[PDB]
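Colleague: So you can see what is in the structure, the chains are spelled out below.
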Amino acid sequence: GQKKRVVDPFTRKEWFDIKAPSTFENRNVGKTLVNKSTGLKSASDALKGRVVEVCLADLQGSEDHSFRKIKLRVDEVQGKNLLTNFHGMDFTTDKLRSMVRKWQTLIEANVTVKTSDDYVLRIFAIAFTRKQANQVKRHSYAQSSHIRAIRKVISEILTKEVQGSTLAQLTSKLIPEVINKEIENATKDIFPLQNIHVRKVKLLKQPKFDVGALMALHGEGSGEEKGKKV
Amino acid sequence: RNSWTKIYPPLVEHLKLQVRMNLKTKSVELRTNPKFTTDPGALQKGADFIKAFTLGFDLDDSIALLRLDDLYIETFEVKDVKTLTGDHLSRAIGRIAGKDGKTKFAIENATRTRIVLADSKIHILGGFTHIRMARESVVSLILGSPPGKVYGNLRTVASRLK
Amino acid sequence: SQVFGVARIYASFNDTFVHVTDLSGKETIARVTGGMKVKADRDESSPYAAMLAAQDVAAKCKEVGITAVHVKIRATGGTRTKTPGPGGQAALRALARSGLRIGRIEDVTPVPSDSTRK
RNA sequence: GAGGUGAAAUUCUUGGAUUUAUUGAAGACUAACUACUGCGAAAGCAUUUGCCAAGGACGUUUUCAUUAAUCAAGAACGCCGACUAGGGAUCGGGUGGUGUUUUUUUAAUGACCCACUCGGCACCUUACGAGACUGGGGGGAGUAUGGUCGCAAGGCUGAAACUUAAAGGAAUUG
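Heads up: the protein sequence lines correspond to chains W, H and Z, in order. Under the numbering used here, the final residue of the first sequence carries the number 301; numbering is consecutive throughout. Under the numbering used here, the final residue of the second sequence carries the number 215; numbering is consecutive throughout. Under the numbering used here, the final residue of the third sequence carries the number 329; numbering is consecutive throughout.
Warning: the hint list may mix true and false statements.
Subject to a maximum C-alpha distance of 30 Å in a straight line, what follows is the list of computed DSBU-like cross-link-like pairs (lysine-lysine) [unchecked claim]:
| hint | chain 1 | residue 1 | chain 2 | residue 2 |
| --- | --- | --- | --- | --- |
| 1 | W | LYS259 | H | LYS77 |
| 2 | Z | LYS273 | W | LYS74 |
| 3 | W | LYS142 | Z | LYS283 |
| 4 | W | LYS276 | Z | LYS283 |
| 5 | W | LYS271 | H | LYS77 |
| 6 | W | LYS173 | H | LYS77 |
| 7 | Z | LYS273 | W | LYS102 |
| 8 | Z | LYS250 | W | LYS102 |
| 9 | W | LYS119 | Z | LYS283 |
| 10 | H | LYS98 | W | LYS252 |
| 11 | W | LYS244 | Z | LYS283 |
| 12 | H | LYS77 | Z | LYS283 |
| 13 | W | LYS84 | Z | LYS283 |
| 14 | W | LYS142 | H | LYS104 |
| 15 | W | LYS107 | Z | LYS237 |
| 16 | W | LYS166 | H | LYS132 |
| 17 | Z | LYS329 | W | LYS119 |
| 18 | W | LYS273 | Z | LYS283 |
| 19 | W | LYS271 | H | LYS98 |
| 20 | Z | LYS271 | Z | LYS250 |
| 21 | H | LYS98 | Z | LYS271 |
| 22 | Z | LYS273 | W | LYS271 |
| 23 | W | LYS107 | Z | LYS283 |
| 24 | H | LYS135 | Z | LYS329 |
| 25 | W | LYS185 | W | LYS299 |
| 26 | H | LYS88 | Z | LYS273 |
| 27 | H | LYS174 | Z | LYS283 |
Stretch by stretch, here's where chain W covers chain Z in the computed footprint (C-beta under 8 Å, at least three residues) [claimed, not checked]:
| hint | stretch |
| --- | --- |
| 28 | 229-240 |
| 29 | 315-321 |
Just so you know, the hints here were simulated from the structure itself, not pulled from any lab data. A virtual CB, placed ideally from N, CA and C, is assigned to each residue, including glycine.
All chains should be built: construct the whole structure from the sequences, respecting the hints.
Modeller: In C-alpha cells:
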C-alpha cells in the first residue's frame, strides 16, 4: 500500500551528557540523545530509566580494567546533565573464556545480599583451582568438599563485605579488586585458587530515590539563571 | 615466542604501526603511530593478522590474511549439528583429518582456503564463496559420508574452480 | 573531543546488521541492514553489502555528529552457530575506512549457557 | 524489509516486522570446567544450599562364629581361563618422611613433593594352562541352457466391416 513520507527526526533530538558518580575517576563518559522536551512526555522523564554500559578502563584511566564493564543508571536530570548511579557490573565474555582451562575446577558462588541501604544485590564470584609450584601431577582438582568449604567461606566473607558497605562504599571497594584479595587470603588455607574474581553484580531492588543522597554522591548545585530582557 | 621474529617486521616495515606484547595480560596490543603511519585500515588488518595466528593458522597463512585483504575467517563448531557424543566426536575429527592429514589437505588444496581445527571448533580462512564451499563439504563429511564421495564432489568443485 | 556511539554489528549468515545507537542503546542512528543495500536475496551477507551498509551508516553518523563508535560485534548465537558471518569484519572495516574512529571491539553473541536443545 | 535456502518459496511486516534498550511471564536445560575421570546392580547420574535415609573403599589389638558360592523356577528395577609377574598414569583411604605454600591463644581442618600399602576405572606388556526374542540350508566367485513358468516384438496413428476426413508424427536444401 502507501507507507509514509519522511520528516528528519534529528531536528527534534536533544543532546545530554552523562556525569558518572564520584566513586570513579574522570566522570564525563559521553552523550545521549533524547527527543526534544515538549509537553506530554518531557525529556527529563523520557530519560531517568536508561542504563549505559561503560568500560571501567574508560572510567578509571587505566587498562587493567579493560574487561569488567559496568552499568550506570540515569536517576536525576539537571541542566543538560544526567547524573548517574551504579547499576551493576559484568565481565566481558572473553575474560572468563580466557580464564577457563581444563585440568582444574572452577568454584563459582553467588549471594543475594541487602546492603546498608535498601539495595539488594545478587553478587557473583568465580575462582579457579591453581596448582602449586613443584606440583608434578597435571590435575590440581579440588575434592568437592574443598569446593563446598571454599564456596562457604566465599559466601560468608563476601556477605560480610556487603552489609558493612553502602553502594558507594561497595563500588569503591570493588574498583581496586580488593574483595578478590580478601577471598584469596581467606581461602589459601584450603586450596591455592588462582584468579578469583567477582565477575558480576546485579541490582534487584532499589529503595527510593533520595535526591539528597545522589547529589551528595556527585556534588552540589542550584541555579538562578538568566531573566528575559523585556 | 618462536614466531615473533617473523611477525613484527610485517607489522613495522611492511605495514605501518607499532606493536607491544603485554606479559601483564598475556596479550598483544597494536598502536597506530599518528605522525607517519598511512593506510587507515592497517590497524584492523594487522589486528586480524595476529588474530588468525593466535587462533591457530600458521604464520604464512596469517600473512596471507594480511596481504590480499579480501580473505575472511569463518568459524563454527562440531556441536551445532548432530550433537556428537564424545565417541562420535572422535570419529568426527578423525574423519575430517583423514589419515596423515590427507583429507584436510585435500579440502585445502582444492578450494584454495586453509583450515585448522581444534578439539570441537574449526576455522576456515580464505575468500568468502570458497569458505562456503569448504564449509558445505566439511559439514557433509561431519554428517558422515564416504570420503570417496566427498573426493568426487571435491573434483566437481575443483572443476568449478578451473 | 570524540562523541561515541556504539556499532551493534550483528553479522549472521544470510544477513548483516550495522546499527549505530547512542551510548545507552535506547536511541538509534541509521540502522541499515545488508539486504537493503543490494538484494539478490543471497548477497545480503556478502562483504560488499556489509561495506555499503556500514558506509552509509558512517554517512549518517557524521551527519548527526558522532566521531567514534564502540564496536559490539555479535553473531546469531543461541543454540546456533555462535560465530559472525562474512559481513562482520567487512562492516567493521568500512566503518573505520569511512572516517569513524573505532574503540572497544567486543564479542557479545549470546552464548546460551545450558540451552534448550533436547 | 526480516526469515530461510544451493537458489527460492510457505511465513511475518508502515495496525512498525527484523535490529536495539528496559522489564515481566513461561516451560525446559544445567554450557565452558568435562577427563580413555567419579558414582550407581543395570538402564543411568553434572547449578547452589538443606533435610531424609542409603552405599563403597580404607582404618580397626571391636563383635558374632561358618552364619558361606553358583544359578533353572519366582520377585524387584529397567583368544579364552582355574593363570604369573610387572610398568607408567589416575581416583578414594591409610602410614611414614621433612621442605614449600599455610600460619598466630577462637574450634578443628588443608594444598603440594616422596616412599610404602589397600581397594577401584582403564591402558601397555609378560609366563602358563585342555580350553575337549522361535522358525535354517550348506561354501565363495562365476558359466552354459532345444527343460518348466513368466515378461517382452511387429509396425505411421486416426483406420475398420470402409485403401476413409481433419489433425498430428516422421523425414524434410518444394
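Colleague: Decide, hint by hint, whether the structure agrees.
Modeller: Evaluation of the provided hints:
| no. | hint | in the structure |
| --- | --- | --- |
| 1 | W/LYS259 with H/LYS77 | holds, 23 Å |
| 2 | Z/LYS273 with W/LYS74 | holds, 27 Å |
| 3 | W/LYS142 with Z/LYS283 | holds, 16 Å |
| 4 | W/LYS276 with Z/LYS283 | holds, 28 Å |
| 5 | W/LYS271 with H/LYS77 | holds, 23 Å |
| 6 | W/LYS173 with H/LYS77 | holds, 22 Å |
| 7 | Z/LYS273 with W/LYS102 | holds, 15 Å |
| 8 | Z/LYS250 with W/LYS102 | violated, 35 Å |
| 9 | W/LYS119 with Z/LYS283 | holds, 24 Å |
| 10 | H/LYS98 with W/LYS252 | violated, 39 Å |
| 11 | W/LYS244 with Z/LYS283 | holds, 28 Å |
| 12 | H/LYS77 with Z/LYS283 | holds, 25 Å |
| 13 | W/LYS84 with Z/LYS283 | holds, 24 Å |
| 14 | W/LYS142 with H/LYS104 | holds, 29 Å |
| 15 | W/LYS107 with Z/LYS237 | holds, 15 Å |
| 16 | W/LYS166 with H/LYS132 | holds, 22 Å |
| 17 | Z/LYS329 with W/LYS119 | violated, 42 Å |
| 18 | W/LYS273 with Z/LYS283 | holds, 21 Å |
| 19 | W/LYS271 with H/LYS98 | violated, 33 Å |
| 20 | Z/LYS271 with Z/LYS250 | holds, 21 Å |
| 21 | H/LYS98 with Z/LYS271 | holds, 25 Å |
| 22 | Z/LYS273 with W/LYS271 | violated, 35 Å |
| 23 | W/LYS107 with Z/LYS283 | holds, 28 Å |
| 24 | H/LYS135 with Z/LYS329 | holds, 12 Å |
| 25 | W/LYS185 with W/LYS299 | violated, 49 Å |
| 26 | H/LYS88 with Z/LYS273 | holds, 24 Å |
| 27 | H/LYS174 with Z/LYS283 | holds, 22 Å |
| 28 | 229-240 | holds (count 7) |
| 29 | 315-321 | holds (count 4) |
Checked against the numbered hints above, the structure breaks hints 8, 10, 17, 19, 22 and 25 and satisfies the rest.
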